[PDB]
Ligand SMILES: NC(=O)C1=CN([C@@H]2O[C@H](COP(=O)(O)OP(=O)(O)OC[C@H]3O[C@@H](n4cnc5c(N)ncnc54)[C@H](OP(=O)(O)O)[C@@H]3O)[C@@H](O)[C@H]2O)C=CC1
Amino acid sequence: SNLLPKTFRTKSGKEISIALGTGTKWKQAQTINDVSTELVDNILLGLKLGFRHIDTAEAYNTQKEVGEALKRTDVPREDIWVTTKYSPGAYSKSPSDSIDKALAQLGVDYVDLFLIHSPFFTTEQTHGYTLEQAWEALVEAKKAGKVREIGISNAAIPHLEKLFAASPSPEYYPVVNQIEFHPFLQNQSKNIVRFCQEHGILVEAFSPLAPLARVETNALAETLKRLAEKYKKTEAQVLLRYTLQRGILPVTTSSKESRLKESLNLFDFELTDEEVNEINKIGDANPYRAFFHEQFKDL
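Let me have that sequence as a structure, single chain, the form solved without this ligand.
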């Protein structure tokens, strides 16, 4: 579409949009639900405001909260895109056990998108699964209609290569790669964005507001302030819009009603080519990574 170089639709046929991520919820005991009211209310509110895409993960400890919101919302299941992720390091005995647990905690009979959370694991961590073998398990889940689309997070080119090779046919190729993306890290690994877009893999951005979360500021802060003031938006809105213009679907983790509304209201303005390039330039000139440093050092 004109939204994204690779797009998707909910079961009701509605094109996917910006994701409300749950964030991570630290908990002391891993075995129990420990359901956060604050989080359930935030997801319910996001849905009320017009979010139609929720992003969670086994590792975030927030699937049960998403499940509660899906039960209580008036928004039909089929109008909502639910993304979750297999944590390999692993609380589940297998990818298939992770998927069943996801269905259970989410209170759903299918998830829209199921991602391997990271390629950086051993078969000890997964209880006997290489990346390729875990992919084969995702392929099975898709065949059974437990999962609509399958993909990965934090994959570099050679990881994606392994997935293609593990796929019985092109129908089962990875179709999403959710990566750390923002101006200070426009390529989490070598040429990853252009590669994905060339190979029909939607890039999603996690932590797209990293520049704002950072304690340190550089010329980017002033650039974002100016653009926010120009367009009558916030710096966060400018970054989310920048991300969409790069052809990347952002996952944002907002918690206040005002911030939720702002995260949705991105389609009444655009950054000029000059401004996008301004952000690109200052960003590349000030590299900064927040995740998986040792894993990406050579990638």
Contents of the next structure:
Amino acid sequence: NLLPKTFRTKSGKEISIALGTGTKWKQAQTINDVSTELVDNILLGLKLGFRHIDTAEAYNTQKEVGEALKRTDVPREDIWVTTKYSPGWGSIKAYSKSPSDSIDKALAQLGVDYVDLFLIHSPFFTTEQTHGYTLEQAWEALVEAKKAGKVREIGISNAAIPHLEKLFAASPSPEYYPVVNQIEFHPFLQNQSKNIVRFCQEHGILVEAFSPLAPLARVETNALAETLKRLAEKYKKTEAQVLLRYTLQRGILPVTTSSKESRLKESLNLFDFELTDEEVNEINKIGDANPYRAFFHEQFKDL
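Would you generate the structure of this protein in the form deposited with this ligand bound, following the form solved without this ligand above?
For this one, just the chain is written down, with no partner chains and no other molecules.
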């Protein structure tokens, strides 16, 4: 009952909150080394109950996800795998020669016959970074991969409204529209660019939130701390569980990470309580009065 648009694994299970394999876990690209540390983390999340893994070309953790998928007792068909074509950032250019090579590279490193969700990592690139590809051309690659069956569902990350419109226009039909936009979202940044959440939800695009624990993990002072403590006390939950439940009640799918078994287990235990509309609104209000953006500050400056 939480998500306005949602999906199922190939075996027909609910897409759960996503275990991230980016941020603190990411690696230099030229590494072929598996980080046993990360593999064990992914296996642990799967045992605890995660059924959604988020990775990306740029994190160079597709190989660790692939190793976990081989070693885990959970059927692959019961898992949702999200990955991303990474076009480059500042000095760094795209690791792959083309978006289409990126997808084939994801299948190979993950050791899967299909990806559930394949996103363009960001719309903030030039064709110099991508070795010759525009946003529309990258979108064509994803559309071809969906038509082939390499990828089940297609979307983008960090897209503002004008980027979504360009995708709609580059789609051959409605069946090929983006259906996910993964953005930074938490109470101090409830709209990564103007009106993004509402726009996505009104056009059938599932919003995913990365850095949903930013108030706990990223900021030096958390203006929500008293509110989250009060609600924590009330529900007998942690302040992290409160934030992740809040995100889900806003209709948004959280992508979160932790290296600690207890926090992973807790991240999953969100379905035995429910914030009130007023508690959700309390968090909305305090959050909007204390803006904080963790990522892509120059890119969003005028968006």
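Each form is matched to the other, and the largest set of C-alpha atoms that superpose within 1.5 Å is called the rigid core. Residue numbers count along the first chain shown, from 1.
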Legend entry - Which one of 289, 281, 25, 11, by Cα shift of 2 Å or more between the two forms, core superposed: 25
Legend entry - Core-referenced Cα shift (Å), residue 215, between the two forms: 4.1
